[PDB]
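Colleague: Each chain is listed here by its residues.
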Amino acid sequence: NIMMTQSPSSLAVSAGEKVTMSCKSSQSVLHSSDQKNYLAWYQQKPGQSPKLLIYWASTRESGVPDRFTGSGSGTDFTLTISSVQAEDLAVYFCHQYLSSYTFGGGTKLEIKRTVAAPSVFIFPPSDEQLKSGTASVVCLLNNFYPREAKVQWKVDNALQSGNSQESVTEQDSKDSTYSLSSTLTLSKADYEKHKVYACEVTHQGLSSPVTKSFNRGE
Amino acid sequence: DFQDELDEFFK
Amino acid sequence: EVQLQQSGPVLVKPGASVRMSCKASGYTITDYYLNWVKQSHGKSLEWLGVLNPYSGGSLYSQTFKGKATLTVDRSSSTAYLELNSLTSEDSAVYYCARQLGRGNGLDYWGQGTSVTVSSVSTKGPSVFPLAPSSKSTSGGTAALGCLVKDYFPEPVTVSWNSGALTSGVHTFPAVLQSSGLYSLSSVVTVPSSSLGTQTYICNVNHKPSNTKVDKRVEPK
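Chains as they are written, first to last, in the working numbering: chain P, 1 to 218; chain D, 1 to 11; chain C, 1 to 220.
Don't take each hint at face value.
[Stated by the list, open to error] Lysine-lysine pairs mimicking PhoX-like chemistry, simulated, CA-CA at most 20 Å apart:
no.: 1; chain 1: P; residue 1: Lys-212; chain 2: C; residue 2: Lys-220
no.: 2; chain 1: C; residue 1: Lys-135; chain 2: P; residue 2: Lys-154
no.: 3; chain 1: C; residue 1: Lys-43; chain 2: P; residue 2: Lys-108
By construction, these hints were calculated from the structure, which means they are not laboratory data.
Turn these sequences into a full structure, and let the hints guide you.
Modeller: Structure below.
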């Protein structure tokens, strides 16, 4: 088949900057009967289906903002975004449909913004969960940037290890932040052996770790 | 070939 | 408006077959070809083949010849993809995507159907409130949520207030627990001043286990 290669794999820019990304085909995608390069670009925002941006290498689809422009010929194609908007974060894919359809591996466009410290919240286990024998304690880090953050769980000041899991969201399309949830899971028996449940958060926007805590059963 | 298969299919 | 409504997520065992649907509305299904494209992870797309809804014939990628079968029911304007001989490598989101003609791009894509192929049986989640309290307040705002624990496979969908509450929601990527079951949380930040007058309900759907739970989340 025709192999499509995209570069770079990802890039990050501030809103208002121009970006270029590359799509290279292993052979020509020019369709002879109409002299069109059968090359399309798609935008796939997090959790959404792909949206068609460009076809024939350079023709913008209806409704697509003017800031997106496709160019190139032969085996070398480019997608340019003239002035990146916060909502443009997405994976951008190229696609040839001259032969058996193939797609590039995508370029992930991420947004840079100012530092934002997380707002930290902690949630005790629900009474309903406790009745079942397990205690999940949740620490939430809301709307921070950059994405690197560290959570440490402490139980009466003892650092925990091996009993938590976390995940971070995709970047927000409006404010360009991330959020993170961490869950500490204990048996009910172990949970009721201790008083102070704390999550301690380190992040670039904090000069010292922030601790949110509760006293169990209060 | 496949390009021609697509040409024929879409006619 | 144009819509391509695909059927819901499914869990199937290795060696089994699966059929999924794609219903066209807001336009006449005959006027566009219909492609099927697999997405195995966020940085991957792979084409299966294309259906002519008018005739009912299809052209398949050599990769999917004898693996996929495309059909159409025009009276209900519904296209179908059947996959046989399923392996763990067939787990993916499958999209239907319309195409006007030979030289056009894929101008409208359905929302995708998630297929998980696994020997592990379905498990529905428990849904627990994450109740707002004095330790989930930040300067006039309160966070609240739901913990959706111990399910298989993905996905769980979460809405708030039947979709009337979307601002300030974060529904986190699921984590895979050592048991092989998933857990996720969904949270929202709201005014602390109106916790007594507003009602917050998380609507949790896990189609493979028939779980449909509405959980009211109140201050503790």
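Colleague: Against each hint, give a clear statement of whether it holds in the structure.
Modeller: We went through each hint and held it up to the structure:
| no. | hint | verdict |
| --- | --- | --- |
| 1 | P/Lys-212 x C/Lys-220 | 17 Å, holds |
| 2 | C/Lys-135 x P/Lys-154 | 16 Å, holds |
| 3 | C/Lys-43 x P/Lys-108 | 8 Å, holds |
Of the numbered hints given earlier, the model fails none.
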